[PDB]
Amino acid sequence: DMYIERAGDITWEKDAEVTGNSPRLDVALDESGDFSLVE
Amino acid sequence: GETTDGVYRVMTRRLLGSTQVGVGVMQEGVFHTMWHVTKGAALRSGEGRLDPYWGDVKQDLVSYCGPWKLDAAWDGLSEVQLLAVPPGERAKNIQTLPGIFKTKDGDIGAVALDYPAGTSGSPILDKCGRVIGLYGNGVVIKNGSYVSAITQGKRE
Ligand SMILES: c1cc([C@H]2CCCNC2)c2cc[nH]c2c1
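Chains as they are written, first to last, in full-length UniProt numbering: chain A, 1418 to 1456; chain B, 1514 to 1669.
It should be emphasised that the hints constitute simulated quantities derived from the structure, not laboratory data.
No false leads were slipped in.
In silico DSBU-like links for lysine-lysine, alpha-carbon gap of 35 Å or less:
(1) B:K1667 - A:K1431
(2) B:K1640 - A:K1431
(3) B:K1552 - B:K1605
(4) A:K1431 - B:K1582
(5) B:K1571 - B:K1617
(6) B:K1605 - A:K1431
Start from the sequences and build out the full structure, keeping to the hints where you can.
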């Protein structure tokens, strides 16, 4: 049995921590909703 | 139950203790999460019951109590924020510039941020605080790094 609990407002935070790169990838999406890399 | 707009944890007591299986967004009285978090099962909010209304396995999305309401889209140029809600931890904003998933059917924004699986359903937001999609359906690339699509539904 699943239940939900509130964790916060959805807002933009000024001066939030900034990280992560920005890859451009060729991918495929199958009928099961899974992405795979196309090479 | 609680119907206030915001981000929520999706929990279960079926396994050991209380386990977080995912996250979702309450907006305009509709609860939005990824299909793989709930598998389309009913949910509880306090003593209230939320029944599935719409879902699609290929989009990996599901809405409860009404149709999908989130319609904002990544502008393709600006940084966004993932409002990550990891299991056992406080909600935290992480800012990033999305990459892109290029598919035979068009391009989708993607975020190269790696969180535990129970963070799936956490919202990705623009500078106005609009939800542009949900985190948690993605791929593992060459490096072994995880990259999530910015998955958004369609508001009918
Ligand atoms: C978000 C979501 C996931 C899930 C998606 C469904 C299948 N794989 C697990 C993972 C796995 C590793 N990091 C993740 C972040």
